[PDB]
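Spelled out, the chains give:
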Amino acid sequence: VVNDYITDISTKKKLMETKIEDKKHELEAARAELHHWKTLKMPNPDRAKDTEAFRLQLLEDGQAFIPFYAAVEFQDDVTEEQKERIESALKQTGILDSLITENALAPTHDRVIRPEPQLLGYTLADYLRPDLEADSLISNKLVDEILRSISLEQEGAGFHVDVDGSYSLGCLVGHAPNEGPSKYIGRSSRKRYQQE
Amino acid sequence: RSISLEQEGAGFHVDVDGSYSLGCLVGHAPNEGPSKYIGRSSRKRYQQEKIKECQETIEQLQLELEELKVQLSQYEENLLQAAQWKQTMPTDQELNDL
Amino acid sequence: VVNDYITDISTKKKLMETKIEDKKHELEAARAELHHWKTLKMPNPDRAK
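Chains as they are written, first to last, in our numbering: chain A, 1222 to 1417; chain B, 15 to 112; chain C, 4 to 52.
One thing to keep in mind: the hints can contain errors.
Stated by the list, open to error - Keeping only pairs whose Cα atoms sit at most 27 Å apart, straight-line, the calculated DSS-like set for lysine-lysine is:
1) B:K64 x C:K27
2) A:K1259 x A:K1412
3) C:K15 x A:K1233
4) B:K64 x C:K15
5) A:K1240 x C:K22
6) A:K1245 x A:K1233
7) A:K1235 x A:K1245
Since the hints were derived computationally from the structure, they do not count as laboratory data.
Can you build the whole structure from these sequences, using the hints too?
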């Protein structure tokens, strides 16, 4: 009987060993994730491998380009609610990762904001100022002009992104959902995604 | 029809190869796999492929679970046989009597 | 000695039980998913709630 009891206890001790193994392994997975977040430096927006291939093609071509999130930063007076609205609309439209190009480029597997004149009504340039990165190949005057390109009123069946988050894409008109505080737009925001 | 299949200058159009012009913007779409959303055939293909995946997963998991049942049954038989072993264990009856 | 061996066997029985739980979690989800795809109204593109 005593050995029956101790056998049971030994089995459960083994179960304790197994769960110690399990928790060590869970802590190792958590540790690996923690290591990944600790050695992060700058997370970028959503992309497809085709867009990366195309942008490699652009680099091989030497075309002047810089992604939008890497191109602009919000102004001081633009509090977190406004940042959220503008970044959510850009992300929903995909404009967030869209490319600003010095020349009228046509993208393959990618999107380019050609500086075609969209100088009618209010624009996002009112709220945003350019923020050029270390790899910038484009001047801020053109970027500012593109910021003016993004309109805040319907161009019929055309392109615009309002401050309240609505956007028109071709025949489409849209409004963005909640996405939380800004993480991609601005130097502070890109690092912030990493910290939580 | 509000969507053209030939370049409309700076205007709005979406070509067959996936390129599109939407104002000052020009874009081209990435890989998204075979059509899944547009049309009954595409939606049904999505449904059938998802169904096939889940059916194969249920089959594999059932096979593994029946294998697990076999292992557990063998382990129970082993414990039983251990108890049976206890009975077969030698006894010192003759030596103690002597 | 028999009890040393039997503790190991109990452990392996326990591992089978743990993997039975595991099969329960993957296979129950697969059954639910298969029913859902049978009851698929439509495919949903990228969306927010």
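Hint check:
Between the alpha carbons of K64 (chain B) and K27 (chain C) the distance comes to roughly 20 Å, so the proposed pair stays at or under 27 Å and holds. Among the hinted pairs, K1259 (chain A) with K1412 (chain A) is consistent with the structure: their alpha-carbon atoms are about 11 Å apart, no more than 27 Å. With a C-alpha separation of about 12 Å, the suggested pair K15 (chain C) and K1233 (chain A) falls inside the 27 Å cut-off, and the hint holds. The hinted pair formed by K64 (chain B) and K15 (chain C) fails the criterion: a straight-line CA distance of about 35 Å is larger than 27 Å.
For the given pair, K1240 (chain A) sits about 13 Å from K22 (chain C) by alpha-carbon distance, which is consistent with the 27 Å threshold. Distance restraint check for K1245 (chain A) and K1233 (chain A): the Cα-Cα separation of roughly 18 Å lies within the 27 Å cut-off, and the hinted pair is therefore satisfied. For the hint linking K1235 (chain A) to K1245 (chain A), the alpha-carbon distance of about 15 Å falls within 27 Å, and the restraint holds.
Comparing the model with each earlier hint shows a violation of hint 4 alone; every other hint is respected.
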